[PDB]
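Build the full structure now, drawing on both the sequences and the hints.
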Amino acid sequence: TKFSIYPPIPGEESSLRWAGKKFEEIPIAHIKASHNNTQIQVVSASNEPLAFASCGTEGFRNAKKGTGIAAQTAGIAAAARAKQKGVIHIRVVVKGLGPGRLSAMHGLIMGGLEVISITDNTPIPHXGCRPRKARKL
Amino acid sequence: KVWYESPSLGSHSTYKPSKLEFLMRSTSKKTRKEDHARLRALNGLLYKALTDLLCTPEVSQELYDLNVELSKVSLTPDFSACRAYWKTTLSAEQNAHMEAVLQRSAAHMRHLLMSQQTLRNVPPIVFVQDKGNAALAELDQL
Amino acid sequence: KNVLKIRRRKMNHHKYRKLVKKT
Amino acid sequence: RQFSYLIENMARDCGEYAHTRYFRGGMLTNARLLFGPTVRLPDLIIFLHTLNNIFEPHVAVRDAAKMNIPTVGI
Amino acid sequence: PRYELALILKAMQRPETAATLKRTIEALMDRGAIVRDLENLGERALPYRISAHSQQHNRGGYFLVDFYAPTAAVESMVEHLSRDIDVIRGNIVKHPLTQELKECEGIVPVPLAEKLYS
Amino acid sequence: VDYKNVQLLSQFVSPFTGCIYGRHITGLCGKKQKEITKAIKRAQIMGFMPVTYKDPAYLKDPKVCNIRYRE
Amino acid sequence: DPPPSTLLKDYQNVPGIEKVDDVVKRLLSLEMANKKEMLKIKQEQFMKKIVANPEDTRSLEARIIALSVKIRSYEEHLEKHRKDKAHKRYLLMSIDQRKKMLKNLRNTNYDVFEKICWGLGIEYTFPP
Amino acid sequence: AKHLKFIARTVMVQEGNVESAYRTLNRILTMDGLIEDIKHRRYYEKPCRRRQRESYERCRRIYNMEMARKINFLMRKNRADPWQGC
Amino acid sequence: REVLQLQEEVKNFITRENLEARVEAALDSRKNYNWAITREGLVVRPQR
RNA sequence: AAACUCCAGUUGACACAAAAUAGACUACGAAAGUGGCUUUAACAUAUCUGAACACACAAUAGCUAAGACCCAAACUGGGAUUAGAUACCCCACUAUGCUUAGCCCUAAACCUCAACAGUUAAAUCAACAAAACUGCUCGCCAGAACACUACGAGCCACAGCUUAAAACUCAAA
Ligand SMILES: [K+]
Ligand SMILES: [K+]
Ligand SMILES: [K+]
Ligand SMILES: [Mg+2]
Ligand SMILES: [Mg+2]
Ligand SMILES: [Mg+2]
Ligand SMILES: [Mg+2]
Ligand SMILES: [Mg+2]
Ligand SMILES: [Mg+2]
Ligand SMILES: [Mg+2]
Ligand SMILES: [Mg+2]
Ligand SMILES: [Mg+2]
Ligand SMILES: [Mg+2]
Ligand SMILES: [Mg+2]
Ligand SMILES: [Mg+2]
Ligand SMILES: [Mg+2]
Ligand SMILES: [Mg+2]
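Chains as they are written, first to last, in PDB author numbering: chain I, 58 to 194; chain a, 55 to 196; chain 3, 128 to 150; chain B, 149 to 222; chain E, 2 to 119; chain P, 72 to 142; chain L, 66 to 193; chain Q, 2 to 87; chain U, 155 to 202.
Check the hints yourself; a few may be wrong.
As the list claims (entries may be wrong) - Calculated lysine-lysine pairs in the BS3-like style (CA-CA distance at most 27 Å, straight line):
hint, chain 1, residue 1, chain 2, residue 2
1, L, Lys135, L, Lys74
2, L, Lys107, L, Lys180
3, P, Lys109, E, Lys103
4, E, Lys95, L, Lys107
5, Q, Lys40, I, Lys79
6, L, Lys114, L, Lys164
7, E, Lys103, L, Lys101
8, Q, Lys3, P, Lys131
9, P, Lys103, P, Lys134
10, L, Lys150, L, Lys135
11, L, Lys90, E, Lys23
12, P, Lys103, U, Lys185
13, 3, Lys128, a, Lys87
14, a, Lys102, a, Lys73
Calculated directly from the structure, the hints in this document are not laboratory data.
Structure representation (structure tokens):
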């Protein structure tokens with residue numbers, strides 16, 4: 058069968074499986090890529106937390122937290138604590154356009170996890186709160 | 055017209071960007087005000103043409119899977135070469151695969167670009183690798 | 128056009144408002 | 149330029165003159181300088197094409213009127 | 002005028018769904034409406050989660066009620082539906098079939114000069 | 072163009088983001104582009120159509136929009 | 066206002082409208098229509114009460130009657146919408162336009178001007 | 002928040018190629034205008050500024066589309082000289 | 155012509171007497187407003 | 001174990017705030033303005049012109065009184081910067097932006113194009129803007145600065161708005 062980039066829809070009968078688990082059962086790696094920090098949490102399909110790592114918890118401080126290599130290190134740390142709990146395949150949900158948006162996913166792979174999907178959940182208000190005024194630089 | 059100038063007297067002249075025209079040109083001649091515009095806009099058209107070939111599987115199955123993204127495409131004014139830039143990947147191993155297929159594809163792509171009779175005369179395309187800090191991965195190799 | 132006439136009116140109205148403020 | 153060769157031959161055969169090339173500035177209005185004080189200018193100019201290659205009137209149309217030369221033109 | 006009531010009902014068994022429809026159609030008649038038809042669009046998953054009357058809903062029964070009523074009945078009916086606990090979401094619109102579609106010859110081009118001028 | 076015909080309306084929104092396509096992608100005229108837009112907005116808030124994505128049931132319908140996405 | 070049971074101006078002269086079901090009479094009455102349909106019945110009532118030819122819609126008499134019906138609708142609108150500045154303008158502009166019409170009717174046909182004032186209940190006033 | 006998850010803005014990875022999956026997602030979000038929308042929303046753009054930029058963006062597209070059309074039309078004659086020497 | 159057409163339709167209109175029968179007669183049926191359009195302007199009705 | 005924590009991540013509940021995409025559209029309204037959904041009411045005039053003051057409107061800011069308060073944010077405080085920084089940069093927070101009822105009546109309120117009607121032939125036309133003109137009517141203007149000022153008068157305005165000079169001065173503006 059040809060490859061579909063569209064995820065399997067829950068309730069339909071798909072043939073795709075990962076270690077005998079359906080798409081709806083794969084744990085989720087939630088990456089919050091901010092401009093000055095990156096936070097990574099791996100949770101189960103039932104919303105059970107399994108591992109958490111951020112650049113701040115990995116000994117990065119101030120502007121060093123807002124780097125790709127800092128997020129990559131946080132991903133490796135979250136992968137290690139998650140792999141101990143039985144995680145191999147993860148669904149990645151990244152919100153934000155920070156520097157650790159892509160690098161945080163690299164660290165998850167180097168840590169022994171297999172990414173089966175990528176989801177963006179960057180909050181976009183449909184009209185929402187007034188942002189801060191423009192900067193004069 | 056708009057604030058963008060369109061008063062050129064020879065607006066009906068046939069634009070002829072070819073390698074032969076450059077040799078048969080007055081050395082005193084200098085580029086006119088709206089002469090750069092045609093170059094700026096012709097280079098943009100080449101960017102459009104190349105981008106579609108990469109994402110359409112009909113052109114090549116190997117090229118389609120690579121999912122190459124063009125960072126920049128700027129033709130030369132000499133009409134001898136064309137500069138196209140594609141974004142590098144993190145994995146140096148993956149970088150080699152993309153460059154190899156692109157290097158061999160370019161020759162066929164040039165003929166595919168000749169299919170567009172409007173741009174039939176396309177100088178050999180130079181698929182430069184840039185935008186991905188190619189020299190940074192090279193430094194790590196050392 | 129230049130804003131030199133506006134600038135004259137700009138200073139006149141500023142000095143006037145300040146005079147009223149002081150007195 | 150599709151007909152430059154044809155027109156030059158027609159002129160030579162009839163014993164007349166042809167100018168199908170890039171018309172230089174002042175050939176008519178500055179002829180004495182370009183050719184000499186005793187140069188005789190044309191008594192009649194026949195245009196087989198009145199427009200130049202940029203789709204503007206051939207400069208010789210205006211310059212023929214300036215020099216009071218009658219013009220025949222398609 | 003002629004109205005169309007788009008009615009999403011709480012997912013219930015057949016007996017309670019019929020009682021809700023009867024209770025909803027009777028409310029229309031009590032306000033002077035002449036009910037023309039009742040159409041079942043089927044039970045389906047909602048496009049998103051809807052909270053109604055201190056409950057969360059993921060499925061609902063979609064129904065249509067075509068009816069004529071005085072202009073003053075709409076305000077009273079909208080208020081009636083807001084208090085019915087078995088109604089997830091109800092909207093009253095002017096019936097689309099009343100609006101007659103005007104014929105179209107085609108797509109006339111727009112002058113480019115007007116675009117930048119405008 | 073009826074707001075209850077969600078199958079038709081879904082053909083003019085982005086599969087991944089639910090964004091309504093401009094007329095340069097849909098090829099619709101001004102009159103139908105407006106009816107489709109108003110129909111989509113009505114259907115979304117009345118409980119007939121999702122807002123943030125194209126309903127997956129309608130992903131295999133005829134592709135009438137001049138937009139190329141995947142790889 | 067005309068009774069809600071009043072039929073629409075379009076269906077009042079169709080043959081057999083009095084023998085149809087009561088439900089069909091409700092659907093063709095003012096009760097099931099918008100307010101603009103009630104104003105067409107009001108205009109018809111005044112046109113037949115006042116003007117000599119109720120079918121002449123371009124005469125100065127009919128225009129004063131048509132505009133007087135609009136003016137009454139604006140007054141009712143503003144009774145419920147007292148901060149609606151757009152319609153307050155439409156009301157005042159319509160009153161000014163009617164006064165201009167009444168001025169030209171008084172100058173040209175006084176006998177008809179008297180019937181228009183009596184029929185519509187207008188107390189003509191000379192400007193300051 | 003109320004919609005189903007893992008449908009919107011979701012791309013599946015093929016053969017472990019996460020870089021190509023990320024590039025496809027970034028291309029999707031770019032084409033739909035989400036990336037530019039997110040960026041413009043970091044600081045409040047004032048209505049007079051938003052209208053000015055939207056007017057500039059719409060007029061630049063028309064001029065660029067019209068300048069492309071002219072170049073395409075006037076490139077038909079880019080063929081070799083048929084009357085060389087004349 | 156519009157009054158005649160309307161006079162026949164009123165026979166099928168819901169009423170307080172026939173309300174229960176029509177309510178049940180609707181729960182058994184299904185009305186589908188869905189259909190798709192093609193690049194050629196042809197309607198593609200749903201597979202039901 | 002335990003309880004505590006301003007805190008952060010996932011999930012759920014959740015507004016008197018603001019209205020992605022469509023909108024590459026150029027619509028509606030007298031203008032100001034108007035871009036989530038529904039409904040009700042509803043967009044003057046079968047010559048034209050016609051007001052600083054009459055009649056009715058009029059962004060934002062601001063005032064009075066009672067509410068709301070997510071977020072933004074004058075002022076203010078703190079942190080930097082700097083020779084100084086009562087600025088630009090960072091953080092916090094208030095008036096305020098919202099609702100209701102009254103006011104206030106100002107904008108580069110600008111298509112910087114008065115309304116209406118007509119013409120594309122004449123000279124096409126100082127320049128630039130936005131091709132050049134005719135008829136008709138109202139408004140307005142007569143060197144610069146003094147001056148969006150003084151005085152007078154009117155105004156729910158009282159550090160306000162509208163109308164609006166003179167003297168001295170200059171040969172320019
Ligand atoms: K919105
Ligand atoms: K006056
Ligand atoms: K302006
Ligand atoms: Mg001064
Ligand atoms: Mg007038
Ligand atoms: Mg006035
Ligand atoms: Mg004034
Ligand atoms: Mg105001
Ligand atoms: Mg206020
Ligand atoms: Mg506050
Ligand atoms: Mg705040
Ligand atoms: Mg304005
Ligand atoms: Mg006027
Ligand atoms: Mg003076
Ligand atoms: Mg002022
Ligand atoms: Mg004053
Ligand atoms: Mg005074």
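Going through the hints against the structure:
Restraint check for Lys135 (chain L) and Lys74 (chain L): the C-alpha separation of about 17 Å stays at or below 27 Å, so the hint holds. Restraint check: the Cα-Cα separation between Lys107 (chain L) and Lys180 (chain L) comes to about 17 Å, which is no more than 27 Å; the hinted pair holds. For the proposed pair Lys109 (chain P) and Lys103 (chain E), the alpha carbon gap of about 17 Å is at most 27 Å, so the pair holds. With a C-alpha separation of about 25 Å, the suggested pairing of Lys95 (chain E) with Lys107 (chain L) holds against the 27 Å cut-off.
Restraint check: the Cα-Cα separation between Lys40 (chain Q) and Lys79 (chain I) comes to about 36 Å, which exceeds 27 Å; the hinted pair is violated. For the hint linking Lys114 (chain L) to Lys164 (chain L), the alpha-carbon distance of about 21 Å falls within 27 Å, and the restraint holds. For the hint pairing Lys103 (chain E) with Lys101 (chain L), the CA-to-CA distance comes to about 22 Å; that is within 27 Å, so the pair holds. Simply put, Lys3 (chain Q) and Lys131 (chain P) have alpha-carbon atoms about 25 Å apart, close enough for the 27 Å limit, and the pair holds.
Between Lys103 (chain P) and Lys134 (chain P) the CA atoms are separated by roughly 17 Å; this keeps the pair inside 27 Å, and the hint holds. Using a Cα cut-off of 27 Å, the hinted pair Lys150 (chain L) and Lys135 (chain L) holds, with the two alpha carbons roughly 17 Å apart. As the CA atoms of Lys90 (chain L) and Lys23 (chain E) are separated by approximately 25 Å, the hinted pair is consistent with the 27 Å bound. For the proposed pair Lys103 (chain P) and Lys185 (chain U), the alpha carbon gap of about 25 Å is at most 27 Å, so the pair holds.
Restraint check: the Cα-Cα separation between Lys128 (chain 3) and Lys87 (chain a) comes to about 25 Å, which is no more than 27 Å; the hinted pair holds. This hinted pair checks out: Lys102 (chain a) and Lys73 (chain a) have alpha carbons roughly 22 Å apart, not beyond 27 Å.
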